[PDB]
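Submitted below is the structure of interest, expressed as structure tokens.
Of the protein chains in this complex, one is absent; all others appear in place.
Order of writing sets the labels: A, B and C. Residues in every chain begin at 1.
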């Protein structure tokens, strides 16, 4: 029947004080016949009331999607407070409860290393720059790329991989035109993680 | 000093019998003065010899990067065999050993749900289609998008998020021109996971 | 039976 997802906020949103992090409670496969969904929210078992209620939207088989988004406070999430969405619908035997919070455990800061293009990489029209990150906990992290205070969006980052010591690692590849690299422009991978000083660090690389 | 990363193979590579999965052992910050790196590989404690040795490449501070890639057999990885890279360098007190293998635990199959564009989404020039996935274990998964047997690359998938019951979940967003959706073309999110029949399933959505 | 992804072989049973 009706199925519930509770998504945590984007790591960038929780680590940047200028952004507003939010938990999202998504209910799918809500029948046309019993479409009303009632959301209850709880922060550490204590009910709160500021949640926003989006209007329903058509889905496949005479079903609706209904969503409810709750703004969280950076420090609440970071302090490990537990967020609960309670979903009630007439077609439900009992209400459905989902629980999300930041992983518990000693925060470990990421170690970042950069890899310039190989000799072969330099023969192509487009070169790739790589950023290796390890040693971090929890797995919540944001990796983005910039050059000259402008975003560089042509990158791909792997999901964090669990390490045998309990921490996490990943890599990120940015592809840029070779002419831009040849010109001498500096490129940076920016890493945001809870355990970094001010949640932010940056490694750079340019043509030698 | 010299720092070691051991990356698992891409999940798509391990789940598709036509692809060749590989573990990658990366050593960075290898000094110009002591540049030789000796790799030893072990599959479940038993040394193997087919590993490929890439040539060194220049890095930042009179350092080299050295890489060694070992092909794994799909079924070996899937069966939970442990892969070990042993890195030896003159500047190293002792050799460095890294260990990677697929997570242990009862495989659970993913549940996939699709979300067509909202009423608002339909006013834009570009609409987004969403694919929600939950219930899967281990976290290794591949999500891609297709239409009419052709790849659709304009998507973003979140890293798997740990659920309170031990399984994982995520979502993926594909953005396409509205005209293509209006025309009636079917779009599919293809999910590859170890616990799926034949490692593959597909949900589709099109204009109603 | 076999699963195929974009004309490429996934897995057989």
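The rule is simple: a contact is a pair of C-beta atoms (placed from the backbone, for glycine too) under 8 Å apart; a residue touches a chain by one contact, two chains touch by 3 or more.
Within the whole complex, touches from the chain that is not shown fall on A. Looking at A:112, A:192 or A:205, the residue that reaches the missing chain in the full complex is A:192.
Although one chain is not displayed, chain A still touches it through residues 15-18, 144, 146, 149-151, 190, 192, 197-200.
In the analysis below, only the chains that are shown with their structure count from here on.
One finds 19 Å separating the Cα centroids of chain B and chain C. The mean-CA centres of chain A and chain C are about 32 angstrom from one another, to the nearest whole unit.
The set of chain B residues touching two or more other chains is empty.
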